[PDB]
Each structure stands twice: as structure tokens, then as C-alpha cells.
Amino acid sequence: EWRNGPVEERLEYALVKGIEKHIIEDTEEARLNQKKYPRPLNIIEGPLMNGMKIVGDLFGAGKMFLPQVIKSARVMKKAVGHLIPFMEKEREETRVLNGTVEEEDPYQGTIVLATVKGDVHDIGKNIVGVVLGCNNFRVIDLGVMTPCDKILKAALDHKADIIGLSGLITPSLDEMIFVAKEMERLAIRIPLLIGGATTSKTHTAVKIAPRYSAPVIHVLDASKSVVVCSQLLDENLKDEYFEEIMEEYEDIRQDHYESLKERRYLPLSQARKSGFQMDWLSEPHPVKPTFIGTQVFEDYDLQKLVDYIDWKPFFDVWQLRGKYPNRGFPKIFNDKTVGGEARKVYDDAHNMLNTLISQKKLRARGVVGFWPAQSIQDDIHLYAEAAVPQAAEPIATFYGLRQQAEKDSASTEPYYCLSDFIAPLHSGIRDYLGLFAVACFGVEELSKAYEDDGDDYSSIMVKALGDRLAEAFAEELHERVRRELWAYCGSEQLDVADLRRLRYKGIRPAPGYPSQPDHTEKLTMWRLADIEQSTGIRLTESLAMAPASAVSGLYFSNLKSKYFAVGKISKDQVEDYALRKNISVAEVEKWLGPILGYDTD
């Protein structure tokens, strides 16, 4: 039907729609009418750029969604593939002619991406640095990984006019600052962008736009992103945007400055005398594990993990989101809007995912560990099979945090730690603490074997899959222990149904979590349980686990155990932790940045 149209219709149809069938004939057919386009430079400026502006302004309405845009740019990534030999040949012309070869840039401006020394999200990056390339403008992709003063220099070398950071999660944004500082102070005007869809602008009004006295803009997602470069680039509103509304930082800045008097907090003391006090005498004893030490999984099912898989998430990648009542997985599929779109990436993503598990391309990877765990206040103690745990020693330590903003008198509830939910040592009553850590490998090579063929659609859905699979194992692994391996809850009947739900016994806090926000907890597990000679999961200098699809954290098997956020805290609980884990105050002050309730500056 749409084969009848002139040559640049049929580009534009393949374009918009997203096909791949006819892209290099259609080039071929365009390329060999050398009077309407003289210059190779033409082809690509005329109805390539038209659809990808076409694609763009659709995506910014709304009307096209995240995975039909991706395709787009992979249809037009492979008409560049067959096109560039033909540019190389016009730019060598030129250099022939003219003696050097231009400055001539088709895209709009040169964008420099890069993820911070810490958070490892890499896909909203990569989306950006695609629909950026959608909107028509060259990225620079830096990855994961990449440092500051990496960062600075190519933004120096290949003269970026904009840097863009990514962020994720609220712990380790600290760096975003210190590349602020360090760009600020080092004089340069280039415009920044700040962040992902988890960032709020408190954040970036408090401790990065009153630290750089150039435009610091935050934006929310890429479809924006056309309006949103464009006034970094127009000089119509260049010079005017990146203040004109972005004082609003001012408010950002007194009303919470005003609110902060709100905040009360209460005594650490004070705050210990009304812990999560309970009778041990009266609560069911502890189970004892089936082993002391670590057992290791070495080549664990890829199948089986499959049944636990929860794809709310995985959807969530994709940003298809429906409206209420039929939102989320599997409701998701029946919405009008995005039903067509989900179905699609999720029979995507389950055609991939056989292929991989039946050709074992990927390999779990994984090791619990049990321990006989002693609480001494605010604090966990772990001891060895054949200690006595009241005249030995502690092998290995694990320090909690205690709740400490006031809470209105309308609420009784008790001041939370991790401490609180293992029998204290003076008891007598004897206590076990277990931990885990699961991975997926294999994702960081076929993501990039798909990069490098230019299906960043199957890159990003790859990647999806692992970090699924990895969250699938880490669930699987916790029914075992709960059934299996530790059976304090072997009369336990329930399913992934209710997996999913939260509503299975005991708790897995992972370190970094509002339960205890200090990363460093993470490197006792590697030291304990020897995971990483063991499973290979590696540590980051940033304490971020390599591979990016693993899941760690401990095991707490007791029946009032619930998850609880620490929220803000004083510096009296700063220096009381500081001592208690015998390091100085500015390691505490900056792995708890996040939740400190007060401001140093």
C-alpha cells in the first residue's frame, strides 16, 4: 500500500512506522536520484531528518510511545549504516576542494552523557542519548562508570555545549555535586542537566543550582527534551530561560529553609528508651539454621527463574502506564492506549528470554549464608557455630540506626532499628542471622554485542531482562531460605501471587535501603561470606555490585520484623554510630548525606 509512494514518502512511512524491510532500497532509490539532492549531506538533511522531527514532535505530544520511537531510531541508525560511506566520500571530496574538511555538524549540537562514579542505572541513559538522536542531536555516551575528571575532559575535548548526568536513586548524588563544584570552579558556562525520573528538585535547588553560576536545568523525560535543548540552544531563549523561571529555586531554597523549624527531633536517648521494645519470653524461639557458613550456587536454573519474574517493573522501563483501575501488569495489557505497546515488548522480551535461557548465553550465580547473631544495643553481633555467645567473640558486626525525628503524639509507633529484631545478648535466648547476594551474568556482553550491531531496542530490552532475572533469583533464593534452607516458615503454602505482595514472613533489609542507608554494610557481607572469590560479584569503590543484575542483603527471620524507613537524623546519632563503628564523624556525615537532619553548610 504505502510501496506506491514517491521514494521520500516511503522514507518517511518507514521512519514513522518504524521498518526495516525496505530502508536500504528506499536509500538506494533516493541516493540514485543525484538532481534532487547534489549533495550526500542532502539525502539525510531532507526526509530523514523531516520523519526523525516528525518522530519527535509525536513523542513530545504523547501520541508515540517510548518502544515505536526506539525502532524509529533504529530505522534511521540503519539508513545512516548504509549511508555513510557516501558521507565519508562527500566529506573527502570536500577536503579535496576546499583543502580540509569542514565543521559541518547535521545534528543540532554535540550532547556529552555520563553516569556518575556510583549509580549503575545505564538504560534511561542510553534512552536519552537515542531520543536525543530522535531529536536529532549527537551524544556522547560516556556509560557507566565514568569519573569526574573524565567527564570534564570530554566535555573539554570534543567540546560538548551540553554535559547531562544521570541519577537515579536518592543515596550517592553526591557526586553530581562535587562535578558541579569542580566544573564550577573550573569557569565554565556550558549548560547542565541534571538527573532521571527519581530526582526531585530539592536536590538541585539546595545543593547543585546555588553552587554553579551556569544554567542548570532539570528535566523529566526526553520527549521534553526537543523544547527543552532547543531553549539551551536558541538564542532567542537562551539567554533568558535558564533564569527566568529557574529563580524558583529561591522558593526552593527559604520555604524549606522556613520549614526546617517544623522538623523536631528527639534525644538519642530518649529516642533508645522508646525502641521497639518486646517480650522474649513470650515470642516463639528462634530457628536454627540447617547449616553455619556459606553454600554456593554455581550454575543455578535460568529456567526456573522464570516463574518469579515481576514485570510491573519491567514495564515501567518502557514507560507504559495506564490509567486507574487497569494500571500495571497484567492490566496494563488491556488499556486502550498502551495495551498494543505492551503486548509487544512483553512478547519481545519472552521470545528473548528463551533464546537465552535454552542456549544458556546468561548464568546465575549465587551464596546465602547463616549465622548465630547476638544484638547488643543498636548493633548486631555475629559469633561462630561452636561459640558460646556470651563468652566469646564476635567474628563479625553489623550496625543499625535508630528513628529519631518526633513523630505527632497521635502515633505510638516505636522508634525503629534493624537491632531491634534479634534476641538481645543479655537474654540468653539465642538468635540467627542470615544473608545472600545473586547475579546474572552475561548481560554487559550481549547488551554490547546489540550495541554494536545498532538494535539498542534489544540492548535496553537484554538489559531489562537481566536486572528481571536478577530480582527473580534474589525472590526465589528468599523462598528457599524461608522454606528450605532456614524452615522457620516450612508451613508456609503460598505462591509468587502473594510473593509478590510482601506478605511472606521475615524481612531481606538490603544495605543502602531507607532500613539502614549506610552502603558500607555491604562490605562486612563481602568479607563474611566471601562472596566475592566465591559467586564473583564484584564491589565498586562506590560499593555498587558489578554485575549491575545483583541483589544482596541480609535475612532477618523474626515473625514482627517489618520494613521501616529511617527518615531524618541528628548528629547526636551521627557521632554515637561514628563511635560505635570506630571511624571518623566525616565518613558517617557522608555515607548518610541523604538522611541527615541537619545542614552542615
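Note that the rigid core is defined as the largest set of C-alphas that superpose within 1.5 Å between two forms. Residue numbers count along the first chain shown, from 1. Compared with the form deposited in another entry:
Once the core is superposed between these two forms, every option in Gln374, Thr146, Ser225, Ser459 stays below 2 Å in C-alpha shift except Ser225. Relative to the superposed core, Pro171 undergoes a Cα shift of 2 Å or more between these two forms.
In the core-superposed comparison between these two forms, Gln404 has its Cα shifted by less than 2 Å. With the core held fixed, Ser200 shows a CA shift of 2 Å or greater between these two forms.
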Given for the second form:
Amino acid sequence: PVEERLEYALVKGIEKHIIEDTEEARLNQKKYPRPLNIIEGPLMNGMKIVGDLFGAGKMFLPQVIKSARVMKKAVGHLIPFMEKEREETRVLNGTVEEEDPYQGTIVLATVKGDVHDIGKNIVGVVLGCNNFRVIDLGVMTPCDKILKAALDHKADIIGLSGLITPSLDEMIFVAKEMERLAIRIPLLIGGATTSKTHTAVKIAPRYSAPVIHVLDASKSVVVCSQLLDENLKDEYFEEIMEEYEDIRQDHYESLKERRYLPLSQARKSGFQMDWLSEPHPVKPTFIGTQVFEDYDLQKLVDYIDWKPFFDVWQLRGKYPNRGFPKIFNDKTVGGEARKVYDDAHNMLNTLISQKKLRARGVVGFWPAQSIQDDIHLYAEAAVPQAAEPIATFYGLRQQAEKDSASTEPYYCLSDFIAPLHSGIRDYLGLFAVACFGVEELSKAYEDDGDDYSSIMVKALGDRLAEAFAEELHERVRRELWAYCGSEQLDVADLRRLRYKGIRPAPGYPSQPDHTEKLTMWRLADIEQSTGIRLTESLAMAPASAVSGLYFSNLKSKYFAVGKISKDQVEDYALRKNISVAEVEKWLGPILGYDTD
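Switch over from the form deposited in one PDB entry to the form deposited in another entry, please.
Nothing else is written out below except the one chain.
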């Protein structure tokens, strides 16, 4: 029989004879009077088997993508006959019937200002494997375009993705706009920057229709099936409503229960250094920017941290095999991890040897001094105490009250730079790297129909950007700044943060203000030197880009600012010479007080 062959090819992921079997079944008009039967019947049966096996955890994500590719080739062979049948019937009967076999239509988009779509692509493929008609809209999607896509495609669900905290404001804007046209379509929320608490507190109240946060792609199928089943729709919505009300009440009680120090008191208990006895800062080999136009990708292959790459494919090894290279020894996901790693190495070799990917970056150093909570940068030949700063990076100090038994100070990034009045020269660095050509390769793979290769190339581009950042930080410590000239740590120690100094990035918990990237881009001329541009929400395009600041102090360390009070917001607005509303917008996730 041909149905068994179709199901076996779908489940196992064999495109070798899928065209032949599909054509053979199509020619068997006895079983299938219309080609819709080959879709509604044997083909979606294998897709459903794959989807439920993935939901149960027996089959892993890469095999799901293989099955999706096989199904895509099958439907691609079938769609000319679908078009022929529809064109014939439009003239024979004058009408087009409801021939939809999918469970529902879902508009899937990444909100404006965000350029990350690996998770959105994975979610779309997973949903498509469960007979959902996924409508992927891309990145930096305007809200009006999402609403128009939902209206034109008679969509049933809308999904929003976002990776940076400025995307949360866009998501809330989309929710309230959906409310403004009185749309009743359920709205799912996903992304690395999203959380269950933020959705119920901020996103959920703005929309009357269901708004559900989804942690991963596996839960997305369950949520969509429950939302599209009328026997479970209202009860699931009510349960979501009660749990979100409970979490909102708990959130407000907590917010009443937190204590914060006064800003002056927090400053008085900040981190201190003995600059009169600590070793003096090491002057960099140059003051200004050194631009890299075409970095050696082969040097970046051995600097790649593969654990986030295996986290992309959801191949999470159990203890003690939870990380590379021990993941290959795991009983369950060892074979799939090995297959994915081999494919990644093959594609990396092909792209590097063909010059299909280019890495560009810039690193700069300037004299820097500290004035309370700010780091001021000066010219090369200018005396810091008698010259105007050419740039300033404003820091945020931890304000949340700590445990009485705790003795840790209240950290700020300016604590790692020598104060101006101390009479000690100090310097600060910054960098920005990227991997160029991932977008075109992903588009080419998606046009062919290989979503697996597109996801692989996106993950490899991100890995290459991270490896470039790590290697450049290694060079800065030993060669360009030479404050750690005796460093000889291996890449394993590099991934363990065992070296001197730190490289905080804007938007991270050390300094969660994304507007710090504008100063770097204006100072180091990053967009003109390397081609990396900031979007409207201060995200780096291409998405395979990493930036940050270089702190060479021995005592410097990574810290989380946490929640801050109103007074720190007012002081930050006064220092930055911007309105309080802008500070609250760019520091919304770290506000310890309500704003509405």
C-alpha cells in the first residue's frame, strides 16, 4: 500500500521517494476522488502522529523539522493539482468551496524593532506540524500590518514574539490596538524577554479577549488546540482569567512588600576601592578605534560555545550529561545531538570555505573617569580634570534593600572606574561585532523549503557572533589593552568567566538601559566602520551582533541592578537631561513602583 509508505516517510523524514509515492497515490483516483483526500487523509495523519509524538517528548525537534520538510515537499508536489482543480471548478460551478484542511490560521510575527526570529520560526514549524496554517510575518512587523494580515487571512490566533525589553512596550501597544478595533481573536505572547507575570499584569488587562503567555513551542500546540476547541474554549479562558487575577493580586501584594533604600543612602553604601593602593590602570596601546573589515572565521570556530546552540534545538541533556561535549553521551538525545552537531559543522565548513559569511567589528579605547554614578570619556591629549568630556555613560546603582546578614555593597558600573578627583588616569573600552550574510542564506534556504537549514544557519550565525565577541575580548585583554598580558587561559576557562575584567552590554542586568548603545555608536562610529546599525528600538541589525563596554578593573564583576525607586529615576533623568517618562519607558522592567 502507498498510505503506509507515505506515513513512514512522514514520520521517519524521508524525502528520497516522497515525490514518487505522492504521485502514485494521486494516480490512484479510486481511493482519492479529489486530491484533497490525499491531504485530509494520509498526509495529515502522519503529521498528527509526528506532532503528538513530539508533544509526548518521544520525538525531538530536529526530527520534527525533517517531517515538516517531507510534508512540505509532498504538498509542494500536490499544489499544482490543487490549483488546477480550483481553476477548473471556478468555471465549472462558479463557486469556490470551503476546502481548508488545516485546524486554523495563526498569524505569527515579531514586533517592531526586533530582528530575532529563531524561536518564532521554530514555533511556526512546530504548529505547522500539527495541521495549523502558520502565517509567518517576519521581523520588525508594524502593528497595523499584523492586524491587516489577521483581517485578510481570517486568522484564528495571533502570536507576538520579542527578544528585547523594548519589544514589551510594542506588545502592549499591539494588545491595546487590538482592543481598540474591538477584535476578539485570542492573542498569544512569547519571546525570551516575556514572562508570565508581565503578561497578566501589563499585557492581559489591556485586551478583553484571551491573552495567554506561552513558554515554548511545545506548549503552543496545547494552547492553540484548547483555544480552537469549543468544548474547551470558555473553560480554559476562565481558568486563565482566575490564574492571572491571582498572579496580579500576588504581584501587587509583593510590590507593597518590597523595601528600597534612599538614593543618597545607597550611594553612601556603594562599592569602594582603594585607588591610593591598588595598581594603576594600564593605558591601552592606542586611543581611538581599530576596525576589522574581514575577520578570519576559521579562527572563530574553536571559540564557539555549543550549549546555547543545543538549547536552540531543545536538545537538553539530563544530568550529568547536560552540556557539550557530554551531551553526546546521553542515552536519549545523544544521537540527535550528534546528528545536529555534524550538520552544523558541515554547514560551517561550507560557509567559511566559500566566503559566504563575513565578520566585521570595531574596538575602541578612550580615557575615562568617574563622577559619582557616571563615567566620563575624554580626548587622547586632554587632561581629565581640565577638559570637557567627549562622552558619558550613565550608570544605575542597586537600590533594593538587602538582607541584614548580607554585606555586599550597592553596585554601579561607575564603581569600576577611577574617580576624577582621585588624580588617577583610567581608561574604558567598547566593542561591536557582527556576522554578515545570515539573512540572505536563511532566505535562500527558506525559499527552497529547508527550514532545518535556515534554523541551522541562524543558530550558526549567532554562535559565530558570540565567538567573535569572545575572541575579541581575549585579544583586548592580552594585545590591544595588554592589562592581562600573562593570560593564557583556554576557551573552557573563557566560558567560565575566569579572566580579568568584564564586558557588560547595554540592556543586560548590569545596565539595563538600551539607550547606552547610542553613545557607543556615536563615539566609535560603529555603523559606518562595520555596518552594524541600530533599529528604532535600539536593536542591532543584523541579529547576529554583539556589543558592550570593556572594564579592565580587577574588582569589576557582573551584577543585577534589580528594581529601583522613583528618586533614582528622577536623578537619572536629570543626569541624562531627558524627561522622566523616557527614563520610565527605557527602565520599565526594573521599576520598583507603579506608574499608572
